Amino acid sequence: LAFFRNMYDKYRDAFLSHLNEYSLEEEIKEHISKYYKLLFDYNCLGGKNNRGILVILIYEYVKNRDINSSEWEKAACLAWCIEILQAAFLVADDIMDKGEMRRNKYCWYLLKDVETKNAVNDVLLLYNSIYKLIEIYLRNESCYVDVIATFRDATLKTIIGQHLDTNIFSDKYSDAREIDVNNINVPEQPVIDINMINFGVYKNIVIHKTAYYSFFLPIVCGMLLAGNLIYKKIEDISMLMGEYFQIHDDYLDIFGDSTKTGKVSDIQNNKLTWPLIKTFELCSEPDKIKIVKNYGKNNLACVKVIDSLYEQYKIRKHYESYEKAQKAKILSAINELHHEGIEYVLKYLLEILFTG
């Protein structure tokens, strides 16, 4: 916890030390270390660190045993690797969804010294640094290969979830005619596709976009390192928590205080959100047409229309009801684990998800 955060500099500098070993002119070496030290600091720090903490807690409580400082070094490494993964995903996402603020400060890709060209390159750098760190600290552990496979697999699922989140209402999904490889015009205005507006599609997307890397990955890391039918049960719980987490994120996107969430766009970006689905199943026929006419447009007035509907239909109150039922369903599954230590960590995680 306090320990996990004191260790950040070590992992950052181990990776920067690897870059420093390249055959480059000294002046070039100093520019590189200065740029990359900021890349990490700006993007890795400031989060709730829920995912990193989950690794440290699971590694410890999987089994009450003596754990020495050499072993902790390896666990804190994996913990920071997941925070670095979060960093890469968030820089990418802000490029993709045209973010403005993240963790209460300008998105990385907006800085004029960075711009989109550097941010894209930086995403791949952060992403690859994970595997370099894992090699530096865990290369001789027997779980080595499984740990990197787990990071790889979760990332692949996250990428598919992000593809779906980005394209679920797009022409190529609506008119499922092939992609015109000769068309480089602006696409026409994005619009919602009512046939995709259901919870089954939504779960598909969010489980892949969120559940695998935010819950399954950290728990599986903690367990693999600690040293089997159970991984299946933990996977089911992760799916439930990822959906719970993402729906709360959707709620914050439109009902949250940007000064508290640290970020400013779902409606503008034409996303399939929980508030959208909930409204669509409850609202009148004229209001469905109003949603189709107004959703996914940049115009602030179009957005207010959607926002007013969410108020008209008391979506804030529907969320509260969903939150209570989902938490119960999650605790329910956690109790069917039959593993005291892991159950204990997951219950604490559940209490602390939204604050950290």
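Positions refer to the first chain, counted from 1. If you superpose the two forms and keep the largest set of C-alpha atoms that fall within 1.5 Å, you have the rigid core. First, how it differs from the form deposited in another entry.
Just a single entry of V292, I330, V303, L45 exceeds or equals a 2 Å CA shift between the two forms, which is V303 (rigid core superposed).
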Contents of the next structure:
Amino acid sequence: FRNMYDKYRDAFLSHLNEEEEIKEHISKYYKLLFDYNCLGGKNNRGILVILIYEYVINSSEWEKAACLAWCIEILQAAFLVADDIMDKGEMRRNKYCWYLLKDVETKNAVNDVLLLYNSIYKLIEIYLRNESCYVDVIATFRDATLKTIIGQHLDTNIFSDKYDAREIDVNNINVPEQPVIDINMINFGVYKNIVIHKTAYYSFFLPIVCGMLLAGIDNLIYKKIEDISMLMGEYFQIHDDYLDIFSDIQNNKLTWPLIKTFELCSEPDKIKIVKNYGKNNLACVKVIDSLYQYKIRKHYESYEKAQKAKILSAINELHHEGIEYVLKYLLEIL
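Any chance you could show the form deposited in another entry after that form deposited in one PDB entry?
Keep in mind that what follows is only the chain, not its partners or any molecules around it.
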């Protein structure tokens, strides 16, 4: 996989490359945009396409599968660039975030998101325009992205001022909304709504469905895969929330640990939480951290056991030895 990279980068660079001085500057820039942001990640989404396809093969077919696999990694790159803009991040994959670079800046990074994003659909035209799944593939990418955009919306706004059912001041361009958690949003239903949309569709559903469509599978097994994907996304974002404890607390994010602590702590501790969650002051966080007291460590281990079981149960009702093997596999390496 990691070998095929240059081929797809260059095919798109080629597309762009049809005044000479200008063409040359464009290339130096866009090659870096690709290299800087597409390489360096673990590539789980990418390999998943290749694995699922394999288990459901001449060189031409790999060419097409590896294309889809790389298009996922591009999508990922686009999301990381955008998310770092939005969250005002510092570090990503142990380098500076793209937008932070003096030769890049926020102005270019925005434009670059749209570029990466659209690059995907061009590469799919180059390699799969004639395949019968073509239209379905481009649709999968579109629908997964839309779901991701909504999941991102929610994650950004769940505790925000705009969330009665007061509307938006199209005249207030000044003053800020003193980041303040909203106890009404601190429940599992909402969290799942965010986590499923923000991560499950593009991290699991998309790659699997890509590998399945190319292979010729529409059939009632896609909805089975959607549900497994929903389950995996949760299992997994929640894992991530467990680690980012050992910026989210100051970044005022809805996390699993936050919700578990809330449904579990005494009416007086809930108030401490509200006074310290998301605020700048270090005493405030050193303290949420100490509330995590309710042995969140242990409550995770309990959830991981139970959720892993829910995931395996749904996989065994799939009736496809090849896909079952891959998903059992990914659930070990995820």
